[PDB]
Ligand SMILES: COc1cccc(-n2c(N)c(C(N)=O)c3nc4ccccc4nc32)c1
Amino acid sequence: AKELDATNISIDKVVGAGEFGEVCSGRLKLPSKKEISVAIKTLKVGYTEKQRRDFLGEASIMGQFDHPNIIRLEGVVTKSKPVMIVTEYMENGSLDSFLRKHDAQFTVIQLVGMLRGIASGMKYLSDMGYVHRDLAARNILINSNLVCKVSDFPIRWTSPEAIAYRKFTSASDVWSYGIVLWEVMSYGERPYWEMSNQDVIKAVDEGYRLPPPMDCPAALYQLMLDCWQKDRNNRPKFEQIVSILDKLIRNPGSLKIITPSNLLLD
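For the form deposited with the named molecule bound, what structure does this chain take on its own?
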């Protein structure tokens, strides 16, 4: 993490509440004098040394990644207070809340573009040996041009083997990605709705899966089912997912084929 000079940071408005303090939007002046929009997280006054370590830990992890679909760390402020993390700004906020405002208003190709971006970011994360463990639409940010980026460095999003015995792998992230795919095509519906956690676990283990979202292309529902294979070795790798979505983008016509209990037994 680059140490930023605090005189280069302006804080304009509060846009959210974080675990360790406020989230704000603002501006950062780069060494080149270019001014960019940024998000700013501040560590709350009177922090404990553990809180400081956990706070800055996110920056340490995020700083290892340089990719168009991973939130960009601009730097940190530690030598003055409040302590701060500064990232690129994403005008349209969290993906799930954004889609909920626009139910059925985007084209399939727009949605597939979002999904391809998320998959590309995950492909790089997994390439780097990072298992996210919290991949969910609420942890994806989306900017003014609808570019989606992985952020946040959860039973409904977690693979059965990770729930069963903490077997977290890039293949359990692929499971989570399948859930994100369902979330996106459902415009931010909650996975498994408000089912009791114990029933989500039992149903999924028994082979039940989320149903196809309204007007969901068959190709995309099949990709969900592939991400949700019980045997994690049968799930696609993220490189394959990116390839699949790139084909659908290249062949928009294929997206026109559309797909007892709420959940379906696969």
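Residue numbers count along the first chain shown, from 1. In this text, the rigid core denotes the largest set of C-alpha atoms whose superposition between the two forms falls within 1.5 Å. First, how it differs from the form solved without the named molecule.
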The other form holds:
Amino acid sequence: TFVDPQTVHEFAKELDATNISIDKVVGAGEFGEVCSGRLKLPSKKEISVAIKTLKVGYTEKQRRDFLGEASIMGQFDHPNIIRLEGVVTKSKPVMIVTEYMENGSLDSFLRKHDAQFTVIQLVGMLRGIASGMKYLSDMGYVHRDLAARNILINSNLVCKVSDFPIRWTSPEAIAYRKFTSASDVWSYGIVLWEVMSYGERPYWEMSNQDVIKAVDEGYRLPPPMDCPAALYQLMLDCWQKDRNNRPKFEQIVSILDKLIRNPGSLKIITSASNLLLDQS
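Next up, can you give the form solved without the named molecule of this protein, since the form deposited with the named molecule bound came first?
No partner chains or extra molecules come along with it, only the chain itself.
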């Protein structure tokens, strides 16, 4: 079980800054700089890491919000959830040190590689995301921000949930803030569409009020080009109006595992921009 958060040290290792080196500055983040480098582990193994710093002259609120990420992330230990290596708090600048992901955010990665992956490669990405979400939901953590931009992808194309948004949010969560693991399943359906669309923006740049109204009226994102029927159906299932009729994450993982085991199933393409009205 996830526990809602002073204890950053309850779930985060305090790292010795001697063991951290910076190789590359990526740019600015919400609370300070973002960079990458190397971490020397207690066993003397050396790994690549992502590093974020808290800006000089931070407010106490900024410090709390910054470190709050680690207090959440550190509760999880799963191959499809970004790993927290630790924090530095006993010297400044304060740091959060996480798993290095060579290929960055999934949406931008896919946009650089439009139509260049096999369907089985895409399904493997999606299965990893679903597995991470099955663990988060098993822990009782509702992410609320599940989107391809918040998924990171490593050198071997393994996708991992990060970031601990009307277009990604379920209708009931928009309507009255009803956030549950089933609203995360809705978001997963949007991620599925993003992946099969190679990082197209969900609902493009439709007015937010129109995204809200169209979805409420039963309109859904259309099938991505050459989308397997099984995967478009899975999107529609994730986008059921009744949250109780959406699949659970365990079911999503099983569905994708079956498609991986029977790749011929992916050859059935949906029959075959604008939204489609979906009555069931």
